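What follows is one chain in structure tokens, specifically the form deposited without the named molecule.
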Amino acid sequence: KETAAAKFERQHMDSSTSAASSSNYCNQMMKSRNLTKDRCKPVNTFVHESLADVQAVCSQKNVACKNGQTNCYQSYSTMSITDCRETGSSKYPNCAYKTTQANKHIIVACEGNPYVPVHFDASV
């Protein structure tokens, strides 16, 4: 089955673009990354950075996750991110999202050897 690390990349990484280029970015990416296949994922963040730069966060500032786990890390630097959240009209299978671009620090949970992101916790 898909590993947690691979799931993180599919759900949260977009090294192919430097920022969201239009209001339809989230609609298209949520679909393309299969985040709308079985239900409309309510909220999601994409990170417009290299994979290595995001993986490196696992060696940056430790902080407890929202759920209390202690394997979370905040990036030292801000990153280009896109916030995706369902619009009021979103209704499966016609999932619909508001695209918001931002430059924020990220907080990720990490696991494994290599020690890599497995969950996106927050943009801050």
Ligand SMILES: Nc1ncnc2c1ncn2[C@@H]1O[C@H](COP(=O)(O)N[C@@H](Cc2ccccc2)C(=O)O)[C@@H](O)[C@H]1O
Contents of the next structure:
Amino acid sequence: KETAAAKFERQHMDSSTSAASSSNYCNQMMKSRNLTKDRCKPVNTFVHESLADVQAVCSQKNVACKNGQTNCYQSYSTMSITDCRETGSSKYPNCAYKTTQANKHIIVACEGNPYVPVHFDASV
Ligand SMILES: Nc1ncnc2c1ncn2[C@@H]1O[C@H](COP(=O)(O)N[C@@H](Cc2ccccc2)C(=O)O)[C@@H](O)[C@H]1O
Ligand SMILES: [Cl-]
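Could I have the structure of this protein in the form solved in complex with the named molecule, to go alongside the form deposited without the named molecule above?
Once more the chain from above appears, this time first in line as the rest of the complex follows.
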């Protein structure tokens, strides 16, 4: 029902803020992106850059993906990201997350035409 590209934007793009403002960011954002619907998604990263800047990573440093495919790309620049990780006491359907704001390089896998991110591989 959802393209891979659209799922990437839903799970990983938050161009509306420049950083997580509070320790409640992940709690709110995981819910509003439907990442707590059926189960609590344990770990998820949001990127606080323009979509154009993130899509441009598909023309930057080509690297292998964790799965061994070679359509992964590392951002040349660091980007503003938020890492969201469920707490050890979190239990569905009251999913709870720790927020960690950082500036890091992102690694995404790209596919399709237009050649855009379809997977978030890691931050470094
Ligand atoms: N080279 C490839 N090209 C095309 N798609 C691929 C490739 N590698 C993995 N995917 C797939 O893209 C989907 C979206 O992933 P995400 O939900 O964005 N990332 C996982 C993290 C992850 C990191 C490494 C490996 C797996 C998971 C996550 O957010 O929890 C996942 O279901 C992957 O199987
Ligand atoms: Cl992978």
